[PDB]
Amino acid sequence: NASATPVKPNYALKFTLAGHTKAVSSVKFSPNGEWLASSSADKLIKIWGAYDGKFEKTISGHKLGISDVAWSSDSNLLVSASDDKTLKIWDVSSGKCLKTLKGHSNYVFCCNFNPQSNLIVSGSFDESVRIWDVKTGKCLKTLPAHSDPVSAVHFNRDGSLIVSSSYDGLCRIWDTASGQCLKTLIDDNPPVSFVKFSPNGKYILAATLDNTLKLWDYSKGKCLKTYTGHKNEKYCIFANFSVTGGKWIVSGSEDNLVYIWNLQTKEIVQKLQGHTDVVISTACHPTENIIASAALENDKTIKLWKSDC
């Protein structure tokens, strides 16, 4: 009683990046592919070579831990989101703080530039989404987005839309220009710990704290794919579309592994072993089949992985 008679990636460890003194929170590749930025509970941002993993510099100034970091499209600026209730805009070359973005009334959890990089979007424990002017550092809009902390914020491919997620169990799609809510994605209502648009902007990938990732057609409000087998019941774990080779979904996990799924078949195709604590963050290199992963305080390292597809 059995059946009658696709390629997988082969990610392998290349480098372990040590230096953070507390849990890592977020890793992001620069758009130019040259750098990896890491944020940590240790209040620091570190910059590493994306290709050889070589430590470049520490950027300091936040008064408390950092949950997230994000690059401008020209790779020249970073924004960071901190428990000190601020975001900071950094000149990466000089390491200098250009602007402190003040307005959130509690921890800032998540941040992103728009592709244009004239705006920053932030989400906070204060349950709001804010849109900031990069040039002036002024808050342009406060969206009453959620009824629990905002876990993720992301612009789509042309900057016209924002997606937000919250532990309130909702994903919302916002019109950037007006700040008006275009769509709420909702029955079981598990907390939403992470969301991002697909690179093509047609789909959103949402992580829920029932050990599940789902690919939504948000226009149709229909779930097209489900990815599971990993552990996620507590943390905001960054997930990704890997598009440089085979079409994969990449995520961290509370079982200390990096999970890679076939986007179409939803099968687990790789589990990357090596981290010694929760893998809180994954990132995919913009041009090469390279993954960065980072872990919580029993580990505190970033790992770089390479695949042939």
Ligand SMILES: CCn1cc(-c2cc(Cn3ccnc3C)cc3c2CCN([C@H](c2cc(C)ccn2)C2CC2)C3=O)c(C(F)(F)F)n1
Second form
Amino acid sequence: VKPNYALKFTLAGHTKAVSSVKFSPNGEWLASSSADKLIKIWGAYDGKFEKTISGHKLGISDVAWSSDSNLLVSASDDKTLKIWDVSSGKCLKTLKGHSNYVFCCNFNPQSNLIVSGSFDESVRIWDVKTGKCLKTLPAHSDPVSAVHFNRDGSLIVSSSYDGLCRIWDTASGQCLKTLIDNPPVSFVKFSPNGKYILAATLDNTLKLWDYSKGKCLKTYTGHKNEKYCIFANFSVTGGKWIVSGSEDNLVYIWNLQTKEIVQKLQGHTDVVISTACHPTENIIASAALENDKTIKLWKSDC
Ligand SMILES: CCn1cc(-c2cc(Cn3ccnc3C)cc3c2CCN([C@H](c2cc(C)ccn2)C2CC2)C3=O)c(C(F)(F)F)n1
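The structure above corresponds to the form solved without this ligand; please provide the structure of the form solved in complex with this ligand.
After this comes the whole thing, all chains and molecules, with the earlier chain placed first.
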């Protein structure tokens, strides 16, 4: 079994590299952030441009949706995060505290909290309602490349250029495990069932780790990844795949269990820095850096 993702739409509008794309949890929208300091919202199914959201004073590295699809948070080189009301485009809150670029962000599933990671080597946990920083974790000794809550919000996983992946208790901020401890760990994400962690290292390697046992279960290679932090994903709407961007301008798709490459999606003209999987349909969004600046939507039968 192999998917057959085919290109359906190319979305143009950003004037610099696109940094992150994310589907809304209700499946209706794709949000994109860019070095051009803008967030753009597009229809997830037909790619139609919906709106531009502006306000950050420097480029944006990352965006994330609340579970009810009504809020976005963005992480910017202006050292803030901003919380946006998607319907109005208005900035509801500016989250101040980080002392260097904010690189990565995520709501918890409850969406009462935001987690952020920064070039200042800290992980911060923010109250969505008030905009106040609740906790600052001295999480790493180099820039934080990823922060992600698990499926019930009780855990946070972080990764860093210091070579480490750490798992944190949300409630207390205490470190439960140092899972990886070494080249930079450029990306980390919990699996949908929370039992595994997908971890990228800047040596052409993606690894599936059993979080409870602390053991690498699978290794995925083939893609080019020596420079950039690239978003990877568990695709679960059809076959069980691993999806990643790549510095050779392709989207890579692997069989999660066999580790074989099952598809490479060709079309982008620069580094594919971001991929995202639709919540209910076999749809992938990909986005590329400044020689391309587009977002592409792909569809598969499985
Ligand atoms: C501010 C506007 N902006 C930000 C980015 C952006 C976006 C992503 C994708 N990303 C966002 C959050 N999570 C993920 C996976 C990865 C990177 C970057 C630029 C920085 N770097 C490297 C780097 C990262 C770190 C942590 C430390 C040291 N170097 C640097 C190139 C060597 C990335 O890899 C872009 C752009 F154009 F590249 F898309 N524009």
